[PDB]
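Colleague: Since chain A is already given, all that's left is putting chain B on it; use the hints.
Protein chains: 2
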Amino acid sequence: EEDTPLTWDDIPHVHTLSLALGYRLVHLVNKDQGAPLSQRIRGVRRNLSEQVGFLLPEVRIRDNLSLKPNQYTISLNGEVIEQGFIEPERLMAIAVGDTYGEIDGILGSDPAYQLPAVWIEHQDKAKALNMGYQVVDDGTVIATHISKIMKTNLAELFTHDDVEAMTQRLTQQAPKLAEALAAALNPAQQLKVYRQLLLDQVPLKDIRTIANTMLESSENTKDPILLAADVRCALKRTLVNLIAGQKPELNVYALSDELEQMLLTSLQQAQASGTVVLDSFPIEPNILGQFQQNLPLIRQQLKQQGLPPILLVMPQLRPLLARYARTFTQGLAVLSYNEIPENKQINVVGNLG
Amino acid sequence: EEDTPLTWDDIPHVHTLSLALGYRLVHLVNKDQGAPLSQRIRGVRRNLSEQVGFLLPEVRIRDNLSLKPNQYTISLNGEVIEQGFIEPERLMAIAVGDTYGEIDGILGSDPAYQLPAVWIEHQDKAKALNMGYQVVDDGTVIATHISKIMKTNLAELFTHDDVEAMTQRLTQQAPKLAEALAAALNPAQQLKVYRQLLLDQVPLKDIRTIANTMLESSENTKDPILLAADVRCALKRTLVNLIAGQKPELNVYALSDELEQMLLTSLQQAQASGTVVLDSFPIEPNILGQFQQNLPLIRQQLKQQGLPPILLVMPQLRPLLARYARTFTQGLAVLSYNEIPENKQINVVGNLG
Numbered sequence: 343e344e345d346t347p348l349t350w351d352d353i354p355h356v357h358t359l360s361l362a363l364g365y366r367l368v369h370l371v372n373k374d375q376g377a378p379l380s381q382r383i384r385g386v387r388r389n390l391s392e393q394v395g396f397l398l399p400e401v402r403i404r405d406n407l408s409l410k411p412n413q414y415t416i417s418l419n420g421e422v423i424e425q426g427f428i429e430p431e432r433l434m435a436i437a438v439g440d441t442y443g444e445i446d447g448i449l450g451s452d453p454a455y456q457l458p459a460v461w462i463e464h465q466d467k468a469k470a471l472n473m474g475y476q477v478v479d480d481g482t483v484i485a486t487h488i489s490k491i492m493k494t495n496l497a498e499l500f501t502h503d504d505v506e507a508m509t510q511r512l513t514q515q516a517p518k519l520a521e522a523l524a525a526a527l528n529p530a531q532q533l534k535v536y537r538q539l540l541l542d543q544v545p546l547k548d549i550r551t552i553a554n555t556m557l558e559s560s561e562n563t564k565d566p567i568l569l570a571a572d573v574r575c576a577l578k579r580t581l582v583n584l585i586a587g588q589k590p591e592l593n594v595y596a597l598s599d600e601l602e603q604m605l606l607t608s609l610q611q612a613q614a615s616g617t618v619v620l621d622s623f624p625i626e627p628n629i630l631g632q633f634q635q636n637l638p639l640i641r642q643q644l645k646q647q648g649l650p651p652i653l654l655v656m657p658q659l660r661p662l663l664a665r666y667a668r669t670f671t672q673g674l675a676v677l678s679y680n681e682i683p684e685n686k687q688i689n690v691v692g693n694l695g
Numbered sequence: 343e344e345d346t347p348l349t350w351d352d353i354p355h356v357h358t359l360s361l362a363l364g365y366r367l368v369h370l371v372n373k374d375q376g377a378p379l380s381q382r383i384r385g386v387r388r389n390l391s392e393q394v395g396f397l398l399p400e401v402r403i404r405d406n407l408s409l410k411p412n413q414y415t416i417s418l419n420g421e422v423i424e425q426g427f428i429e430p431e432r433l434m435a436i437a438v439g440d441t442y443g444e445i446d447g448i449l450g451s452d453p454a455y456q457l458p459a460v461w462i463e464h465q466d467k468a469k470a471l472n473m474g475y476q477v478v479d480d481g482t483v484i485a486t487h488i489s490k491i492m493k494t495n496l497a498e499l500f501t502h503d504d505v506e507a508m509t510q511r512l513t514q515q516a517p518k519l520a521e522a523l524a525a526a527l528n529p530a531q532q533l534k535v536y537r538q539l540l541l542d543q544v545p546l547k548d549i550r551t552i553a554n555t556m557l558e559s560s561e562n563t564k565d566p567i568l569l570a571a572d573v574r575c576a577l578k579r580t581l582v583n584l585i586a587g588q589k590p591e592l593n594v595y596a597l598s599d600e601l602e603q604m605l606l607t608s609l610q611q612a613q614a615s616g617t618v619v620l621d622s623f624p625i626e627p628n629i630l631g632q633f634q635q636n637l638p639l640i641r642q643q644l645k646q647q648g649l650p651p652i653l654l655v656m657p658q659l660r661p662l663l664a665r666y667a668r669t670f671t672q673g674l675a676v677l678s679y680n681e682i683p684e685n686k687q688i689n690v691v692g693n694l695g
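Residue numbers (PDB author numbering), protein chains in the order written: chain A, 343 to 695; chain B, 343 to 695.
Read the hints as simulated data drawn from the structure, not as lab findings.
Any given hint could turn out to be false.
Chain A is faced by these chain B residues, among others (derived, beta-carbon under 10 Å) [said to hold, decoys possible]:
(1) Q381
(2) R384
(3) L398
(4) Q515
(5) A516
(6) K518
(7) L519
(8) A524
(9) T551
(10) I585
(11) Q588
Even for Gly, the Cβ is constructed at its ideal location relative to N, Cα and C.
Pulled out of the complex, with its shape left as it was, chain A reads as follows:
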């Protein structure tokens, strides 16, 4: 009543990641009933931090009664991105596709990868564990969802303030490099580069061999898409090691010489303007529908054989097609030619007409 001063502080900040927790599943943060979403959530936030190099933000957790008593929503920067439904006390199990037999569990879905799911009681673990199922506790069904959301939205999770912390962690290793890098690219320019690297989900663990490449290639162009190409050409090793396995033989698609040429025409035309697009899209010659059609099949065709999906392109089209594979197909990999080692021999599968 005597809040007679309202101050800007009364306005609550917004947070990058936040969890909404409905009634039936608030027995997960209460610090007594073996709160998983203070360790399991840190489990993901660590076993993914140390993997992608930069400390992922702190997942905050709130419980808005506004929603159904047994659901949760994950919010990126202000508001929901994905919203799942948790069974009251029936643990979920997944059948990868090699498991056989079913259990009495109520059908559901996998909120992570859109797989069929059965929600089984706490006792039937044996029947799941002895039939070959992939059972998971309640909290993990969330934590895996948060992991997928982080791994997808990696870009927006990298703030204009980590670019300070990255240079700190890099001065710890090569203290003379940053002192020569920060004077070559102002942090506004650096961040765009890390954004372009994290969009296509490239790990920034070995920051030295990344600042080295930015410092090198900074002379020619300060464009943050020509720079993100060079860093990827320098990380070709870990790129392919993460996309495909250590098997030297490699299977991938390739652009159809016709369609591939048809695009380069568009880029050259748009080159009339001052590269109005960086490379994300210069021209939409109505083949965008053809793409939005094939790229799902392109993922699925290679998912008729089990091998991970990859796609080869010209380097000049590399940065473009990354945007499509980032929106249309939830899973893909667009690699250039020079981004693949001369060690791993590749095997084209076919064109795309």
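Modeller: Same frame as chain A, but now just chain B:
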């Protein structure tokens, strides 16, 4: 009599928001009779502050005998904007449209949204509450009116002094961003951008992901309408989340290819001059009457189906049509194409001939 020095201080300042309180309803601020307009008014000024991000001004309250003993006027920056009439002691109830039955209450109107209203005694609440009505105390009839006035005039409520407080509240989060933003856009330039964002009523809660976008896009253009487009493309998520619901399917209008083209002609023509208008209006080819005619129907046609009103345009016409929907229709939403996610599939309703 010995006020022999008259000093500039004797001149009373003017205030952004101020309330006028006639006789019959001064029993609302007197601090004894459960003064609602020191808590309810703060109720709105808080549950709207924390929503739109920036601390709304302090509503001042005065009682000029000049007016009828039972009316009130709300004043923005010097003088009345809206003026309501309060029944002596008969509480008002509203029938949303789904409620059935009437009560003895004297007819009136809803000062908020122009709805039919009945003013009932304090006892008939049950008959209202058991018939399905929306009854409200005297003070709330005001407080809701103040809320509507704030939510409409948000722009003029954002002073050239908050741009200091916004950077303070943003240094609290990303202290290295402002120190790199304030050196990129002088506060005179920043404010115009926040003005353009608040005109179409976009929340500024997540200031980090807004300064980030202004800092980014500041290289190309310092025009505060090309900047307000990029911030909205970056907030597309919360934009649509606030206009429509979380339902992925979406229904909206679209410009008639003919009329849409007819405007772009006008913009290109005006491009002869140095973009004499930012984008609010380059050319009035007498289709302004057609607009002032349709936009009311455009609101109402979609109010024949209950779904919230939206309108799609070209991005190059986006900033223009925002001015019309800000004046002609008290409620509308003009969204571009790139301002809508690729997640929510849209459903056009029809052109506008």
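Colleague: Determine which of the earlier numbered hints do not hold for this structure and return their numbers in increasing order.
Modeller: Of the numbered hints given earlier, those the structure breaks are 8, 10, listed in rising order.
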